[PDB]
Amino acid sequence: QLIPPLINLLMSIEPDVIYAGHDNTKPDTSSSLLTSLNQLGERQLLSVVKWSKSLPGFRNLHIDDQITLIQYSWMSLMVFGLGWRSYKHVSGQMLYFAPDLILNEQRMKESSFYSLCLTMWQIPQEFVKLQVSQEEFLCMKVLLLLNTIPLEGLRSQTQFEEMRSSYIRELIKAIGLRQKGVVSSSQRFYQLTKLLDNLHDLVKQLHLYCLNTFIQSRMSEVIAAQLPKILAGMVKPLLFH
């Protein structure tokens, strides 16, 4: 019938359209395309922060926990959002970074980062195969913000665990909206959470690309800074399987 209140609340705090400030009425160069993406990334970061403060439970956490979670989640959140837009607007056939920045297959190949494109393109394809709902996407997204904590843990550890548990229950409610039956629901939950778990690996790849693209545009200080985001055993991932 109706949509659960929390999920409806999630829909209403979804960030509105963010343009890249890209001119499509003129051919792109390797310089302008990368410049457009960085500008979009900066704008999307401020949006992630603004979105997190409207998230029930997030403000209860110590300011230091809030910072940490965003540091360990911005990449995942950005590529997951890209996955959703590409899925909804163009059936996952191309990368919908923004309304004024859509990369089709032929353009991805001509670029100097087709490999990265194929990696990111994995998500929209998965959304198509699973036929993910908006309600499911919204709950999964919050779970990404709460999927990695430091080895020592957080200051508001108990408050965090409770928040994580609430959104897990919400995802189950989202699934229940269409999956009627305990066997089908259980099977759906496994598929969606398996997808969430796989993002831990995929995101390390994106961080490496970012680190390698930096090196190419320009020493041990730079390496050491990003290492914790590409290497295993540095942080504590929260896996469902």
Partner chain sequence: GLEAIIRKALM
Given for the second form:
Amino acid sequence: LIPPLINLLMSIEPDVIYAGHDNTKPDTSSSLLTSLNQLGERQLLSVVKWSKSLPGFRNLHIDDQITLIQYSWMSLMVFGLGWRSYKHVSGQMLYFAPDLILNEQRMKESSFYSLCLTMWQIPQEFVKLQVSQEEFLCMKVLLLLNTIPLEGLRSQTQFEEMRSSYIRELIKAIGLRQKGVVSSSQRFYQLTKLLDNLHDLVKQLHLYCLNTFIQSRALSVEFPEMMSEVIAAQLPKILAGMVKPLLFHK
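Instead of the form deposited with its partner chain bound shown above, give the structure for the form deposited without its partner chain, please.
FYI, this one's just the chain on its own, none of its partners or other molecules.
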């Protein structure tokens, strides 16, 4: 049977989120990126809502809650994109939303094919490892908790306890299918290594983001309110490496 914290995590997952994209018109770089940013804003709002229901999170200092959301949003978005692509189209298209799906041809015709290929890595990796929903749910929490300030958090003690709790929960999730101690220990390494490796992929997305934000008027790319807020709040600092990424391994 499923451990209760994992069942809770499944129950607080966001519903389907639409981009609001107009698919009756041919793609342009402006229109596609603008629609992705509108989808982004909606997903960001859902992350905030989810975080209010996430066990432990509300008990961190409010300033730590804001910081963790501001540090982790890109990671959470691309991880979710990977999962949706894996679950709905067998990993073979980028499933941003039910109304915004990029097959490879649409990726190629875009102005950001290379970015698409970088993002397309994650679902191909989920296909490879056959990530379970229970593993995904725990891993996604750990991504929320995977970078802290250089000076640490105000609620550092509670944060450490929360993070450790979800790491123990991931171990329980692995235990649902992987019977055997050797396989289970190796799977822990693999999933946590995948999380370590996401830091590098996300850095590429962060650089793209900040360049796009700076150039948004010239590119005719709209950045909505909360997205602009989180970018302005922390993105240069994150890109500069003036934060502490938490690594599971060397």
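Numbering follows the first chain given and starts at 1. Superpose the two forms; the largest set of C-alphas matching within 1.5 Å is the rigid core.
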query: Displaced residue check between the two forms: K26, CA, 2 Å or over, core reference; finding: yes
query: Per-residue C-alpha change between the two forms, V17, threshold 2 Å, rigid core fit; finding: no
query: For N212, CA displacement between the two forms after the core is overlaid, in Å; finding: 2.1
query: Per-residue Cα shift, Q226, between the two forms [Å; core superposed]; finding: 6.4
